[PDB]
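My request is simple: use the sequences and hints to build the entire structure.
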Amino acid sequence: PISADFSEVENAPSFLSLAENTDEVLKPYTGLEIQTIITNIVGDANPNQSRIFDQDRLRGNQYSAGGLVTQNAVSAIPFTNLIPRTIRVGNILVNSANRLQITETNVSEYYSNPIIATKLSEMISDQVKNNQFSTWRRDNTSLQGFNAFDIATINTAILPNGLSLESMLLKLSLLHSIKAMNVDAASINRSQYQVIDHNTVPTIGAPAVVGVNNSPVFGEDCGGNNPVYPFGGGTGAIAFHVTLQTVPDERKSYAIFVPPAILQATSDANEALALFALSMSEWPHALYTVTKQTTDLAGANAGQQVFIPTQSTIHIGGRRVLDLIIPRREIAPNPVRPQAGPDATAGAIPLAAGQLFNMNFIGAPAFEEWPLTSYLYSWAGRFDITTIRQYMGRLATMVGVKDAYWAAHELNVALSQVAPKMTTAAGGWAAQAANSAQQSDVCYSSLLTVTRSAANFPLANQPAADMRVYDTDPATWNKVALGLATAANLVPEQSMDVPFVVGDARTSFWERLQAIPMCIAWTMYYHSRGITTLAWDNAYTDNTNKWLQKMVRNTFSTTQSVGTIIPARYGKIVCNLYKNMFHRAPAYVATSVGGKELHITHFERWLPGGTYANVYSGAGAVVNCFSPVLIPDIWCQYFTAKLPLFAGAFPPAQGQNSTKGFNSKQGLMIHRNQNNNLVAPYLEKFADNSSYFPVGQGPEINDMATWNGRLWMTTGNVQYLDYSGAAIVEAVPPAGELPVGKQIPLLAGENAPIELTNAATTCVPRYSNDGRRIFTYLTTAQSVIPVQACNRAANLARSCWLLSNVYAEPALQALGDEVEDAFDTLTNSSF
Amino acid sequence: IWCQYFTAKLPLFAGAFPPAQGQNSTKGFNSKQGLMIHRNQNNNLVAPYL
Amino acid sequence: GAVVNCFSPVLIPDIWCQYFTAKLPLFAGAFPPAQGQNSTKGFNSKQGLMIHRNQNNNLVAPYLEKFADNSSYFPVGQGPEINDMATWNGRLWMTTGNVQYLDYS
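Residue numbers (the entry's author numbering), protein chains in the order written: chain B, 789 to 1123, 1135 to 1630; chain B', 1433 to 1482; chain A, 1419 to 1523. A prime marks a further copy of an entry chain.
Since the hints were made in silico from the structure, they are not lab data. Heads up, some of the hints might be wrong.
Unchecked claim - Non-contacting residues of chain A with respect to chain B, defined by C-beta distances greater than 12 Å in every case (computed):
#1 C1424
#2 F1449
#3 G1460
#4 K1464
#5 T1514
To be verified - Below, computed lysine-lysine pairings styled on DSS-like, alpha-carbon distance capped at 27 Å:
#6 B':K1459 x B':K1441
#7 B:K1441 x B':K1464
#8 B':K1459 x B:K1441
#9 B:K1395 x B:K1371
#10 A:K1441 x A:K1464
#11 B:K1371 x B:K1441
#12 B:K1395 x B:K1201
#13 B':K1464 x A:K1484
#14 B:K1371 x B:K815
#15 B:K1040 x B:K917
#16 B:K1371 x B:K1349
#17 B:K815 x B':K1441
Unchecked claim - Label pairs and their in silico Cβ distance ranges:
#18 B':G1460 x B:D1487: 40 to 46 Å
#19 A:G1460 x B':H1470: 37 to 43 Å
#20 A:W1511 x B:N1604: 50 to 56 Å
#21 B:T810 x B':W1434: 55 to 61 Å
#22 A:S1463 x B':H1470: 18 to 24 Å
#23 B':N1474 x B:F1160: 45 to 51 Å
A virtual CB, placed ideally from N, CA and C, is assigned to each residue, including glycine.
Quick look at the structure:
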């Protein structure tokens, strides 16, 4: 919450009390909490009436330090899943001189929720089979579409993991988030076409065109019609078998049963084989683009920019050769529909390729492999989000897809909503230049720089992994999609129990708002202890200060117990800084060591390797200091139930008292080194007895003093020196300049932020790369009013927002269970 | 101001917009008081809580 | 021969619904004879309905049901209410002879 006076800066919760464990069961963060503040929609659903195109930013009055009120001053929503591979430089479109930002997961099978053979599986073994041991009979007890010698080779030795529908449901959770950009124009913001390319105005009118393999720079049309995989040059292979006898002799264990519940006479019914073959194989199969008509700032040069979404750059899968076994009607003996296959058509795209598809091959003979990047390229303009929604409802009737899609969905939001770093400026609204690394350099919500590609596409290098995600194995999928095994995370449901995000037009708006509390929780994690940006980068193996290696060691997921993931320590600190600070729990998955079942969130599955949230200067130079700051503060304050005390709104100037500090009555002291000219704030009592941290000590979490340090570097002329006033190794901003948010184009009657209002002031540097303590200093002449404001005998004029705090309770309808519809109050006893 | 200042009890629809004191200056009346936003055919123009 | 897919799905005329039915709903009832007392009337705001009357474009609509955020666009997840007063009243205006199926505006 933002502050009305100093008596609620002072009576704000601490960090240690707000990072404690919580035993409450909390509702999921739906993204509607930020929505019902920054838009005209407070109540309920609105089809096309609510113009979300214009409602894309934080708006409010501001109050300057000089006593003036700015009327309509805006802060951008700082997250988008769209990297502009065509940049508007000099009011005209040119190709990007920048590589594409790629991520990579760490897909591996772990001990999920345990699995058990059903009464059908004990029925096949006990009866039938066991009874063929006396009758000399080799009859067929065919289950629904498969041979008895196909079920008999699967009702066998079961792996003791249990499956997690996570990788296939992130691919479904991911192509959904791509294919939901072409829904309308007044349902997708214009700010999220302007987050990186800020010299750009997209248009109401023509919607976005979600294309595939048509990006104009650095390869990236990975076979525009001769398609390969983007990660690794190769085309894969798919084969549609009717028996396991046809799978040649080599694979036969990798063979995936397509269950007959996902293909019924309810849809196109042959697109569902492509969503199944796309969920089970590999992401990405192709490099999707989003092309939209844009215009420059005044509006002359209307062209079409090419974007590439971030979730088409996430390398997940490792299954490139699929052998799919198809249900054979009711019951038939083993044999162009040889054995009564319902279908296997190619698609809708003509696809002149290496096997030369013509326009749409209908073919399910015995072996006869196709390519897989080709077979998925043909079904790349057909995957609209309504079809994905009803496919999810057909999945939900046989397995439990409610909680696993929401965990996979905020996994998508965790590694897909990606934000440009910062720019250091004095006032408000600085950005970068065009055709430069600094405009396109970009970070996660975890304050962690996204790796861009090193060489031209399709890639042979395979960069380091970023996140540990699970996967469906084919061998357990073949028996849980067939009634032969069951678990507690796999209990089936109805299509009403599909989450609200699926098949809705408002996903590109909601998913960029779900990523803001992730960066608030990581932002408050990285700012309680200020280790700049250099003592985070080369911190994993520094032989100085064993404390710092323990910090970076524990933050990441590098431990195990039995064959399963032990989640990270200190990512539960971020999770508790999410549940306490937002009163809403993030979605976990299950992992079991043995018996004991414990929970791991995207807060606990990151991996080491990679630099952190850097800040740039006005001329593009690196200012690796402060702390890993991303989005501007007011996001890390206003949209918050309980923000810890060191991060706080400087309260408005009401009477004679505006902004004060914390003095030696709270256990603090002034540093006051060698020279008489520069003095430091009221830091801790340990600050004068250190000067360099001991090899197992770090910055003590004091929010009286971190407040009191950002209270001094808001003055506008500070230097970040030393215990003795000497320089540091770290790059310092050129003046009294702070990291400030990204500037987007304005509208009519709508202003830019004024002075340290769209800034990030909380990033107080306290721990240099060398292990020495960083002190913020002022001249003796220019520190009298800050020292007396700490002593409550003066006041400091600071700028603020003129908003008020509401923070409503959760709705739990979210446009996803509108079961009030009159035709099921009467079909209600039958459920 | 003639129809406000020189008045013992001025009915609520006529009222002085109060001065900007702290962070809060001038607010309104929402659906907690039994009101709703009109929101017609086109998506561009919206009306108050009538 | 052009497709006129603007109605609800029809396949058989009214008289087969009305002559073969023991108890038939209100909105699909036979129109009683012409030149009689108590012949053919409708359902107004005494039965809770409301008239729309976009008279600027010389274009008025029946006494239909109350809207409750259904005026121009329906909510995402909601559709038309079962009302027999207003569906009787709407087909009472479709039979007049020059009927427009336009919009809220």
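### Query
Checking against the hints above, which ones are violated?
17, 18 and 19
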